[PDB]
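K.L.:
One-letter residues, chain by chain:
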Amino acid sequence: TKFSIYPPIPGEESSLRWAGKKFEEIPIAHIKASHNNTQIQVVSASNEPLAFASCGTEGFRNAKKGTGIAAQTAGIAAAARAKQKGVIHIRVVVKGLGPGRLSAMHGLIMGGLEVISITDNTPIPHXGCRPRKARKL
Amino acid sequence: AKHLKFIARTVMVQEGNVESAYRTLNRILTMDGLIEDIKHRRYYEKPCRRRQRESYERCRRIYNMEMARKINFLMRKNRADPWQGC
Amino acid sequence: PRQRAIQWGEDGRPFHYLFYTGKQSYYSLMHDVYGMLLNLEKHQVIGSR
Amino acid sequence: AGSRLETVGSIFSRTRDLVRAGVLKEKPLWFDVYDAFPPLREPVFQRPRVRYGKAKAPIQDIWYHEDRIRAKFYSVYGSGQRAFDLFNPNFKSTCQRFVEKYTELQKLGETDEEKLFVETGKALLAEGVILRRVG
Amino acid sequence: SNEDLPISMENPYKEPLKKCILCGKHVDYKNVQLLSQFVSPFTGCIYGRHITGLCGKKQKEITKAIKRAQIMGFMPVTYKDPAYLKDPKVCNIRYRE
Amino acid sequence: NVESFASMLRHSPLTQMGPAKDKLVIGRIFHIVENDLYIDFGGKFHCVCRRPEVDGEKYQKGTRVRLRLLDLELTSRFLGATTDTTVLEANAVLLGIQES
RNA sequence: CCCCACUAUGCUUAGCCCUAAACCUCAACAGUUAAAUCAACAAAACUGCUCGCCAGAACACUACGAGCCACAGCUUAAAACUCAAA
Ligand code: FES
Ligand SMILES: [K+]
Ligand SMILES: [Mg+2]
Ligand SMILES: [Mg+2]
Ligand SMILES: [Mg+2]
Ligand SMILES: [Mg+2]
Ligand SMILES: [Mg+2]
Ligand SMILES: [Mg+2]
Ligand SMILES: [Mg+2]
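Protein chains in written order, with the UniProt record's numbering: chain A, 58 to 194; chain B, 2 to 87; chain C, 133 to 176, 194 to 198; chain D, 2 to 136; chain E, 46 to 142; chain F, 76 to 175.
Don't read these hints as lab results, they were simulated from the structure.
Treat each hint with caution, since some may be false.
Stated by the list, open to error - Under the rule of at most 30 Å between Cα atoms (straight-line distance), these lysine-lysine pairs were calculated in the DSSO-like manner:
(1) B:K78 - A:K89
(2) B:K78 - F:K119
(3) F:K136 - D:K73
(4) A:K79 - A:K89
(5) B:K78 - A:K79
(6) D:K102 - E:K109
(7) A:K59 - E:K64
(8) A:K121 - A:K152
(9) A:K190 - B:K78
(10) E:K59 - D:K73
(11) B:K6 - E:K59
(12) B:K6 - E:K134
(13) B:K40 - A:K190
(14) B:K78 - A:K152
(15) A:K190 - A:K89
(16) A:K152 - B:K47
(17) E:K64 - F:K96
(18) A:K193 - A:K121
(19) B:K78 - F:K136
Said to hold, decoys possible - Calculated from the model, a selection of chain A residues having no Cβ within reach of chain E, i.e. all distances over 12 Å:
(20) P64
(21) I66
(22) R74
(23) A76
(24) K78
(25) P106
(26) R118
(27) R138
(28) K140
(29) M167
(30) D177
(31) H183
(32) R187
(33) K190
(34) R192
What the hints assert, rightly or not - Residues of chain B clear of chain A, computed beta-carbon distances all greater than 12 Å:
(35) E55
(36) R61
(37) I72
(38) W84
All C-beta atoms in this analysis are idealised placements derived from N, C-alpha and C, irrespective of residue type, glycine included.
Please model the complete structure; the sequences and the hints are all you need to start from.
P.N.:
The following block contains the structure:
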């Protein structure tokens with residue numbers, strides 16, 4: 058069968074499997090890539106936390122937290138704690154356009170996890186709160 | 002918040018190629034205007050400023066499309082010189 | 133220095149049909165070469198610089 | 002002595018006037034010919050202006066009665082697979098052959114349009130013409 | 046005067062004006078299958094007329110139909126309903142790889 | 076009994092053809108530049124068609140060919156222009172050679 | 001100016017206040033594309049008709065007077081001295 062980039066829809070009968078687990082059963086790696094930090098939490102399909110890592114928890118401080126190499130290190134740390142709990146395949150849900158948006162995903166892979174999907178959940182208000190005033194620079 | 006999850010803005014990875022999956026996702030969000038939208042929303046653009054930029058963007062697109070059409074039309078005669086020497 | 137001869141007679145009529153180009157000798161040469169290229173179509194290094 | 006005011010009158014008027022004033026001692030070689038055989042319009046500079054509002058060019062579209070028959074024939078049967086030969090001044094296309102038959106049958110008193118068109122196709126088929134309907 | 050002179054009339058060879066794919070068809074807010082053909086699969090974003098090819102009138106009817114269907118409980122907002130992903134692709138947009 | 080211009084125009088093949096879009100016409104190659112064939116087909120302007128890949132050597136000066144016409148004159152009006160820009164050539168598609 | 005916090009305020013209701021680069025910096029209505037196209041730039045050039053408005057700069061979105069739910073307010077709006085420019 059040809060490859061579909063559209064994820065399998067829950068309730069329908071798909072043939073895709075990962076270690077005998079369906080798409081709905083794969084754990085989720087939640088990456089929050091902020092402008093000055095990157096936070097990564099791996100949770101189970103039942104919303105059980107399995108691992109948490111951020112650039113700040115990896116010994117980065119101030120402007121060093123807002124770097125790609127800092128996020129990559131945070132991903133490796135979360136991957137290590139998650140792999141010990143039995144996680145191999147993960148669904149990536151990244152919210153935010155920070156510098157650790159892509160680098161945080163690399164660390165998860167270098168840490169031994171297999172990414173089967175990528176989901177963007179960056180909050181976009183549809184009309185929402187007024188953002189802070191522009192900066193004069 | 003109330004919608005189903007892992008349908009919107011979701012791309013499946015093929016053969017472990019996560020780089021190509023991320024590029025496809027980024028291309029999707031770019032074409033739909035979400036990337037530019039998120040960036041413009043970090044600081045409040047004032048209504049007089051938004052109208053000025055929207056007017057500039059709409060006029061620049063028209064001018065660029067009209068300049069492309071002229072070059073396409075006037076490139077038909079880019080063929081070799083038929084009357085060289087005259 | 134070699135001097136170009138008169139380019140018209142007493143009546144004022146130029147001798148060469150390309151006089152009013154100002155480059156009659158150059159354009160007469162281009163005219164002769166362009167004509168030869170046409171006739172060929174109708175019909176069909195080391196030691197020199 | 003002369004005048005290079007090409008936007009003031011014409012070469013004839015400017016030359017004629019300077020001859021009268023004695024500015025030009027002799028008439029140019031062309032003056033006597035222009036006088037005897039003048040152009041239809043005196044060549045006077047004019048600045049082409051753009052039309053605005055309710056001003057429109059007087060040029061009219063060229064149409065003929067048979068053009069209505071040609072539009073229907075192309076719609077019904079399309080362009081003939083036979084190729085136009087626009088070099089032959091007496092070339093007749095399948096549409097022109099159709100138009101001539103359609104005109105002949107109209108002169109025989111028939112006045113209906115839908116009926117005058119179906120009978121014309123039959124006549125050509127009898128003569129051996131290929132009429133493949135587009136749809 | 047002369048029989049061969051041109052005659053005044055309307056262009057007989059004039060071609061009909063173009064029509065959008067939805068010209069002459071009723072656009073209902075309950076027809077989510079139709080409405081879904083004009084939103085982005087990944088983001089649910091309504092496509093501009095330069096992508097849908099619709100005219101101004103049908104672009105407006107489609108937009109108002111989508112907005113009505115979304116808030117009345119017939120159509121999702123943030124994504125195209127996956128049931129309608131295999132419908133005819135009438136929009137001039139290329140996404141995947 | 077001298078034929079008038081209005082009569083010549085009414086019965087001319089170019090007038091009888093109607094619109095030129097999607098009309099088959101016979102052209103004649105009069106000038107060739109590498110693989111660019113200049114073809115006259117009875118209109119005001121010639122068309123320029125690239126030598127076909129198949130039987131390219133059969134296309135020579137004087138060879139009569141079949142064309143599918145698109146426009147008798149390629150012209151367009153561009154923004155900020157009072158008149159139309161013309162490339163002084165017709166638009167046509169070369170189909171092949173005409174043979175008896 | 002840059003970073004953080006927070007208030008009047010932005011919102012609703014009921015009253016006021018009546019100001020904007022309230023600007024297409026294009027008064028309304030009607031008509032014209034022929035003249036000369038037209039100082040320049042803007043936004044092609046004009047005609048009929050009507051209302052409003054203007055008459056060197058600055059003083060002056062000021063003083064006084066008057067009216068106004070306005071009371072550090074708004075509208076209307078000078079003069080003296082000063083200059084040869086603006
Ligand atoms: S073109 Fe007719 S309704 Fe769209
Ligand atoms: K303005
Ligand atoms: Mg507050
Ligand atoms: Mg305003
Ligand atoms: Mg008024
Ligand atoms: Mg004054
Ligand atoms: Mg004020
Ligand atoms: Mg005051
Ligand atoms: Mg007072």
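K.L.:
Looking at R187 (chain A) again, its CB stays over 12 Å from all of chain E?
P.N.:
Label holds. Min Cβ-Cβ 22 Å, cutoff 12 Å.
K.L.:
Given the hinted pair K190 (chain A) and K78 (chain B), is their alpha-carbon gap at most 30 Å?
P.N.:
Outside the cut-off at roughly 53 Å; violated.
K.L.:
Once the closest CB in chain E is found, is it more than 12 Å from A76 (chain A)?
P.N.:
Since the minimum Cβ distance to chain E is about 25 Å, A76 (chain A) lies beyond 12 Å and the statement holds.
K.L.:
For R61 (chain B), which was marked as not at the interface, is the minimum beta-carbon distance to chain A over 12 Å?
P.N.:
holds, 22 Å
K.L.:
Run the C-beta distances from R118 (chain A) to all of chain E and say if the shortest one exceeds 12 Å.
P.N.:
holds, 36 Å
K.L.:
Could you grab the alpha-carbon distance between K193 (chain A) and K121 (chain A) and see if it respects the 30 Å cut-off?
P.N.:
Holds, because 25 Å separates the two Cα atoms, which is no more than 30 Å.
K.L.:
Hey, is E55 (chain B) genuinely clear of chain A, shortest beta carbon separation above 12 Å?
P.N.:
Nearest chain A Cβ is 16 Å from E55 (chain B), so the label holds.
K.L.:
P64 (chain A) clear of chain E by more than 12 Å, beta carbon to beta carbon?
P.N.:
violated, 9 Å
K.L.:
Just double-check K190 (chain A) for me: nearest Cβ-Cβ distance to chain E has to come out over 12 Å.
P.N.:
holds, 28 Å
K.L.:
CA of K102 (chain D) to CA of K109 (chain E), is that 30 Å or under?
P.N.:
Distance of about 55 Å is beyond 30 Å: violated.
K.L.:
Beyond 12 Å from chain A, beta-carbon-wise, is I72 (chain B)?
P.N.:
holds, 35 Å
K.L.:
Take a quick look at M167 (chain A) and tell me if its Cβ sits farther than 12 Å from every Cβ on chain E, holds or violated.
P.N.:
holds, 24 Å
Violated hints, listed in ascending order, are 1, 3, 5, 6, 7, 9, 11, 14, 20, 21, 30 and 31; each of the other numbered hints is respected by the structure.
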